[PDB]
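There are 8 protein chains.
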Amino acid sequence: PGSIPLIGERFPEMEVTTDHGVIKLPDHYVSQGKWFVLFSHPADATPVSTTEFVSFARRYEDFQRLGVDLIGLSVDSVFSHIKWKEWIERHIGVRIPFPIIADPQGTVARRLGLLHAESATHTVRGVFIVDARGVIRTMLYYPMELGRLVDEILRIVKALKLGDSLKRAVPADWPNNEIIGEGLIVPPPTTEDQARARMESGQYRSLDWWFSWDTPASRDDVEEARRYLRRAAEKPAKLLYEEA
Amino acid sequence: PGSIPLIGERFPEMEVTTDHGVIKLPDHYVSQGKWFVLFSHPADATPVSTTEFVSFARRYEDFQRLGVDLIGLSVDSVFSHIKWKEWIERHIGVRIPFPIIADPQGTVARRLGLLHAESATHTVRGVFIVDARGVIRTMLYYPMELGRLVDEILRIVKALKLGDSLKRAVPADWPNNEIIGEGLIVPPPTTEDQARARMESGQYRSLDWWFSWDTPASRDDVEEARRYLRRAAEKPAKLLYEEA
Amino acid sequence: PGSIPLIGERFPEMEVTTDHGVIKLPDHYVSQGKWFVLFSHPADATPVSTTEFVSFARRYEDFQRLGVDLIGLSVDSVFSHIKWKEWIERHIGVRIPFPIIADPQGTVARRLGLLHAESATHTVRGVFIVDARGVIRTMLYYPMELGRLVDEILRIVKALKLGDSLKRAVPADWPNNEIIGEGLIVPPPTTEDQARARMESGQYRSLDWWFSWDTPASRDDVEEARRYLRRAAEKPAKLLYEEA
Amino acid sequence: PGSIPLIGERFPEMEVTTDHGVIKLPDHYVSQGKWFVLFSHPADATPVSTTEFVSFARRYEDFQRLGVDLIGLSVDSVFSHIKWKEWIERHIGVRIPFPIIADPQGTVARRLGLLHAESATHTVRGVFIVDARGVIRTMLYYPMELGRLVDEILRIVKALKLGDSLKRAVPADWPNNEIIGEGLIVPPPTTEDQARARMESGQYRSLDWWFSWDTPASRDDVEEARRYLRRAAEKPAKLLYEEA
Amino acid sequence: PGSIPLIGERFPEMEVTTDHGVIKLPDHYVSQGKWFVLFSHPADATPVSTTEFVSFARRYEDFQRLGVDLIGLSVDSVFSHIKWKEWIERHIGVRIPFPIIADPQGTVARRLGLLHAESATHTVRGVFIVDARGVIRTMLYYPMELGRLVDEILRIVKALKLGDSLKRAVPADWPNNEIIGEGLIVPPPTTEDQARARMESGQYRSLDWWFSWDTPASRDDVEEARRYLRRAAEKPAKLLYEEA
Amino acid sequence: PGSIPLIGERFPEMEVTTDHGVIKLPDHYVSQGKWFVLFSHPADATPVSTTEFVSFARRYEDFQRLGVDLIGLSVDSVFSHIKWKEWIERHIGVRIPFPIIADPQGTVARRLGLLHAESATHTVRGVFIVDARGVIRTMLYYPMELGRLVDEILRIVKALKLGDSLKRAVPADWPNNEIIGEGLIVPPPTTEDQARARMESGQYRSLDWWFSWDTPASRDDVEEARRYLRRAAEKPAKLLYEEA
Amino acid sequence: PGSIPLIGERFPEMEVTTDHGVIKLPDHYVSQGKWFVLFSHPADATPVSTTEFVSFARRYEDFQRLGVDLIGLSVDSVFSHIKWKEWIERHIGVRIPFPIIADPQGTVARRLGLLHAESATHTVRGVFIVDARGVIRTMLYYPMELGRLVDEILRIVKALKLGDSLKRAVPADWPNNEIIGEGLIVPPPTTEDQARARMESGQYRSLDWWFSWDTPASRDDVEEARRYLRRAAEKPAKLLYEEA
Amino acid sequence: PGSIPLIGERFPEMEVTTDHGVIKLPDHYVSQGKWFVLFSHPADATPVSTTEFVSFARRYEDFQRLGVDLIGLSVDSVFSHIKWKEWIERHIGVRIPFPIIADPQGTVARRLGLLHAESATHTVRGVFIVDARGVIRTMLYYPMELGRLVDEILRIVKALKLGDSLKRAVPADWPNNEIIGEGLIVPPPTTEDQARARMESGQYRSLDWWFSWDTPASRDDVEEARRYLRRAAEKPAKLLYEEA
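Residue numbers (UniProt numbering), protein chains in the order written: chain A, 2 to 245; chain B, 2 to 245; chain C, 2 to 245; chain D, 2 to 245; chain E, 2 to 245; chain F, 2 to 245; chain G, 2 to 245; chain H, 2 to 245.
No wet-lab data here; the hints were simulated from the structure.
Please note that a few of the clues may not be correct.
[Claimed, not checked] If you want a taste of the chain A side facing chain E, the calculated C-beta under 8 Å gives, among others:
{"no.": "1", "residue": "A44"}
{"no.": "2", "residue": "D45"}
{"no.": "3", "residue": "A46"}
{"no.": "4", "residue": "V76"}
{"no.": "5", "residue": "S78"}
{"no.": "6", "residue": "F80"}
{"no.": "7", "residue": "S81"}
{"no.": "8", "residue": "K84"}
{"no.": "9", "residue": "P105"}
{"no.": "10", "residue": "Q106"}
{"no.": "11", "residue": "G107"}
{"no.": "12", "residue": "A121"}
{"no.": "13", "residue": "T122"}
{"no.": "14", "residue": "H123"}
[Stated by the list, open to error] The calculated EDC-like cross-link candidates involving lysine to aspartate or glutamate, where the alpha carbons are at most 20 Å apart (straight line), are:
{"no.": "15", "chain 1": "H", "residue 1": "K35", "chain 2": "H", "residue 2": "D70"}
{"no.": "16", "chain 1": "B", "residue 1": "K168", "chain 2": "A", "residue 2": "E119"}
{"no.": "17", "chain 1": "C", "residue 1": "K239", "chain 2": "D", "residue 2": "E183"}
{"no.": "18", "chain 1": "C", "residue 1": "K236", "chain 2": "D", "residue 2": "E225"}
{"no.": "19", "chain 1": "D", "residue 1": "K84", "chain 2": "C", "residue 2": "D209"}
{"no.": "20", "chain 1": "G", "residue 1": "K236", "chain 2": "H", "residue 2": "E235"}
Positions of the beta carbon are idealized from the N, C-alpha and C atoms, including for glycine.
Use the sequences and the hints to build the structure in full.
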């Protein structure tokens, strides 16, 4: 087993070296009121890791529309990071606009619990979704052999921001939930008096005193979230390897 | 600030009580040749949790066809589990066929690192994807306020089984990767002699000695994985609340 | 083999979540000049536990006339508590007016020594009788298989309050003690001078210098206590299972 | 706080000195197939303690009908025990047939957790109800100022033995429970299959799948238990202080 | 300060990953009867490190003629090592024939004491000269800002092999020592009888009983060592950047 | 298996006894704006050590021209040091002008890590090159059986001083580097922005964005460094053992 | 304070390097059936130390006649020992026939408690007198500033050997004791019966039962001891500086 | 085994009981500007011990003239000390003028390391020579079976006082040294400059730069020291056992 930071904790205070410079996390993004997704990959100049960097780069403007910055992490040097980004731009025609943390002694990897039993030396494919107060909101741990689904990361941020802005919880598979569709959920009553008030009010659609919802998301918010999943589900019009 | 099991580790040996009886993990599934997805929810009779149980139940046959069983977990009693599954069948018209672990002292939750800072008393929405050798392959940690995307859990299992079987790694967003599409990746050479043997062979499509791929997945395997993503992306034709 | 609070100790300071909201013990009750009976049960929606909550609810007004508040406790959630109280009101026709502590990780159970060897996960049927100074006065530990006799909890509180106000000890089986009946005991002399002064004053009925009593309790106080024991002894006129 | 033995644990293995000789607990009783009630009192030749010894003695034949032996305990000498029993026989006309443990250094008191905060030097009024396998079934802790209700001890043993014999749980205030009267409870189902088998059965009276009961106790078993409570509730015909 | 292996100790036993595969040190070389020079550098694709790799490669056959193998070490991945060697072959026209250890978590660097104060993350320019018994013979620690003099490493190994074979010590600046030129030193007497015997022998040229020397090195051995220093001292006629 | 001071650390604060008196290191030299080379030898009146002292003394003016003081060290007494320097002057005709630390209990030797496994009693042939800020810049560890190449110690100091004043790194075998000759290296860019600026400035000759150099050293500085190596490579004109 | 070996303990087992070769103490002398005097001095080539070595060498035949070997000790090297013995032979015309331990890390000195507060680095002038069983018989600690009286070391050994061989204790200032002259002492009785038997026997001259003596030493033994003290007391006829 | 005070340490601070009263060491003597010789003996009324007390008493005026006080020590009581001193005066006719420490629990013995392996219970014959600053100057450990040579203790103190006052060291066997006679030694130079100055002055008779002496002790001071040794060497005129 291994120690990790937890959902609802402030992201561990640390200075990190990137291919853009030295920064403090989460302060660098908090002090900008920006969410960030910190993700890790095992090594530069590996193929699954390259596909994921191109996937994130292709979605960079979608992340910017949500006010989310991206930051990568591997045990490779800053020199490896610059050479690999140059390789991606020259061979795939895709610019990588976001920084990568260089973590050669595993100081950062050990602090974030990113060294699992699959490799003694290379981080797994971890994802830390961190809000503008620097709070960890979600964490994903994919293995070496499996690329992430980057549109799910966009859906998670979009849904968490919608939840925060509307005081709602977000049903499974939102905005295509099989029970309530694009509905959002009202946090259940936690007292007898709240439960009776909920039942006596006709404000919401309800299945029971503990299961109320409404549709307070804009059509734009719902369709933007659905577009992430539609993109995930679509066969590419043209494969980048062909025009490489 | 919390301990977790790690990717590549055997799932921790434990006896657990479910609403189906007492079993040993991971032995109960390993003995059946099954993968399992263990997932947790904060409390029975909460709405986002209810939507996730219904999503998993709707996908249960898709899990069974992959050789995957499901097992839930919360801090509630077995009596609470029986009452809640009865509620879902009566009010939503959906039978929950899979067991739920009852963990009222958090023994299991503390062993799997499922108590995060968001709640002192209720587990987060954790997911442990465990193979038929009992080895942890992937872990996800969703928060209280946000439902999972259950079609991503099917894509992860499908992709892992295909990668294990075909001795391949799986690109970002497979089977719709923007560079190689439904292509699967050949693990990169790790020596000078292997890198040369690779460059010399012409056996595979390559962008470089470290980036080779081919298309060994069957049309049925690719179509199956695309069907999970298309289901995630499509607005349901009928919402279950409307006949409830 | 487990730690408990002791008679004569202050009830442990703790914040607890109930189905009425968050309260501080024992302060919430000390502040109001009220005694409280904290009692635990293994799990909501279990049948002996249901019988006990109905027995307490039937006796609620008897407790209130003594200045005694009631508070329950189990490892179940607040959602379980609200659903179970609804079940009792709808099926038995009896409202449970008093709060139940929700203790899902067993934090309170462990502090109060309520996890015994009969169950790893569910509290025994514990009773803490706590006076208006927050001091533990009496503790009972009933097992899973045996419901309490709630009239004895009333008899304990009534007798303790009488003993405190009248500066007396209470005989076995009061107010029907086979030696002195409704008599209340003068604490024995603890010195030679006190013993001689007791034997020489002739203030009290005596069997010896160490065994003196009088009858200072009111006819109302004595009738109040006998009514609890008569109710315990008589077959109820009609069983609530009928009108279901 | 203080350490106690727990419900469901074997009674702690110990050699004790009594006014009858040296015995091993719980072995002495286990080997005769007897239950025992071990109770404690603060000091010989104190008045509440004397009332309780007389109450137990008066009920001695009732304990023998249940196959239950009585054993007392205090920090006093064997010599004190013999003198006090002589005093009770000579002044009250009641013989104490059962042994008392002499525990002058508090060795047994510390093992059993009977030193609470009310007295550094004398045991509280503890009660341990111990079955014929040597297992602790119930524990009561009464204070210095309050005598016990000995008829409730009889009702506890009678109810526990009936529960064991008929494989039933015992409702609140049995055999005068307000819901089900003298009915006994079928332990609730703990699995979905058991819950369905129960509800398909029509074998038992039920309020829900988790609340089933029948009336398997003999009329003799019910009326014997009601008799204990009627005696508790009766004004004594003659007070023993009159016959001095 | 920091811990290092010491002259006269066996090279610490370790399995290491190189761009040629996994080997055990020092066993991999001992089993071949080969000396090895293990040298570190801070990072792949850094300019001083590149000049050092080309300098070692240019001297590869001089090392091979002495029975000395070369092995590099940095915190970079095997992928970086393969790419960097490819760059050197393509841009400088010099193949790097010898393996490089990949040490991404600094496991080897910490064991060898190669993390100094100039960098928390990158090894200094350490050199371990290890004989065919696996014993450390000499250690050099150059900083990030200064490239090594690779001909001094050849002079060291040549001189140590001569001293071992001829049972001689090697004067300062050999083979151009200012007192004795290419002379080798007879280890000094360590007893009174040895001192007198030496002085009575006329066997060696002597400055005193403790300072004796002869000229047992071959003309070829002396000429080879003088060739290493002449190479160090001469300005290359053609610079490799011109042919690049 | 031994602690050493590290490159980039201040030289450890210590009072040392020499044959010139007590001095504080590194303060004695820092106060003078002087570098020092502290070097050790196993024992006075041993032949390799004598050749090394003569080599340093012959090069004393070269050290003085670089602003470098010399200080020796062995476990011998100050009396032994005085007698041995007199032996060198009388028999070889060379005055040793610099002090030797007397370290009979290995107090200094243990602080600098100069006791290795080759001798429990005598220091190895360690070299600490310390700048005028008292910072350790290079460390060499030569064994008992092999004399140092003193011209390499001059080349290190000269190159380090040139690197410090010109803000440059020094290639392998400078000033005879086979790629860039007497070229000095511009520290590589550590950011993407820095890399692009470098590649677009045309300010330096470059092999890639990470490998730029120029020729900022004076002809004098280059020839002075080359002279040290020419002297190392020259067959001595006449051996001092003849003149002895 | 500091730890020392003790009188009546076996001389600590140790391998030591001398200017005669490596020996085991005390085995080297035990196995020859010889006593040894191990003595220490601060530093070779110091003037008091030189006077003491000449004094021991003068008395060497006196020690050999007693069966006593001599061994010196200082923190100087074997090379220092050899050069210093040559200096004494050349300048004073006295060969030092006996070995000197070389102890440069003070390993031997620490074991024998020879490093006192007067010098952190040099031994005091210690003397261990060790018999043919390897047992320590007497220990002397002289300081740096004060040469020993070597004739008192001869007197100690002669008198210990006489005590051992005649089973006698030796009076103050033997053989010139003011009370009994060359008389030797019978150990005193230790029991009442021995005291009475000693006083009744007329066997010995006595002052009291605890003070008996006789004259068992030979004229030759007494003369040998008197000659040591006469030599100590004699103003030298010739001084060796005059022909040195 | 065994801890002792060391040469150049302050005599340990202690309060001691003597047959003259309680005194503080070393303060009692430091206050008066006196040296002291603390010496120990195994037991009062033992014969060797008695001869030594008589020898010290004979030399008492010689010790007084040097400003040296005498203090004895054994594990015997003050009562034994008084009786033994009376025995010596009555039977030998010699008054013991100096105090003896009574150390019955071995508190002082243990602090001074005077319990050796020859006896668990009785101190050896230790001697601490302590100067008027309270500093330990010399330590002697003689065994049970061997009386001290008290004239050597006088010679030590006289030579130490001369060394201190004349800033000289004292040669072996002073004042009858075979090299320099009554000469005293100039401490050797410890620097090159001091060694040169010494050689260049012609101030002192010298054998080498490290061996210089002169004759600064007075005629009276030399004759006093020679008298001690003449007395040690003199066959007694008459024996005190005879005239007694």
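Evaluation of the provided hints:
{"no.": "1", "hint": "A44", "verdict": "holds (5 Å)"}
{"no.": "2", "hint": "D45", "verdict": "holds (7 Å)"}
{"no.": "3", "hint": "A46", "verdict": "holds (5 Å)"}
{"no.": "4", "hint": "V76", "verdict": "holds (4 Å)"}
{"no.": "5", "hint": "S78", "verdict": "holds (5 Å)"}
{"no.": "6", "hint": "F80", "verdict": "holds (5 Å)"}
{"no.": "7", "hint": "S81", "verdict": "holds (5 Å)"}
{"no.": "8", "hint": "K84", "verdict": "holds (6 Å)"}
{"no.": "9", "hint": "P105", "verdict": "holds (4 Å)"}
{"no.": "10", "hint": "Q106", "verdict": "holds (5 Å)"}
{"no.": "11", "hint": "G107", "verdict": "holds (5 Å)"}
{"no.": "12", "hint": "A121", "verdict": "holds (7 Å)"}
{"no.": "13", "hint": "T122", "verdict": "holds (4 Å)"}
{"no.": "14", "hint": "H123", "verdict": "holds (7 Å)"}
{"no.": "15", "hint": "H/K35 with H/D70", "verdict": "holds (7 Å)"}
{"no.": "16", "hint": "B/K168 with A/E119", "verdict": "holds (16 Å)"}
{"no.": "17", "hint": "C/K239 with D/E183", "verdict": "holds (12 Å)"}
{"no.": "18", "hint": "C/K236 with D/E225", "verdict": "holds (13 Å)"}
{"no.": "19", "hint": "D/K84 with C/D209", "verdict": "holds (14 Å)"}
{"no.": "20", "hint": "G/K236 with H/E235", "verdict": "holds (15 Å)"}
Comparing the model with each earlier hint shows no violations; every hint is respected.
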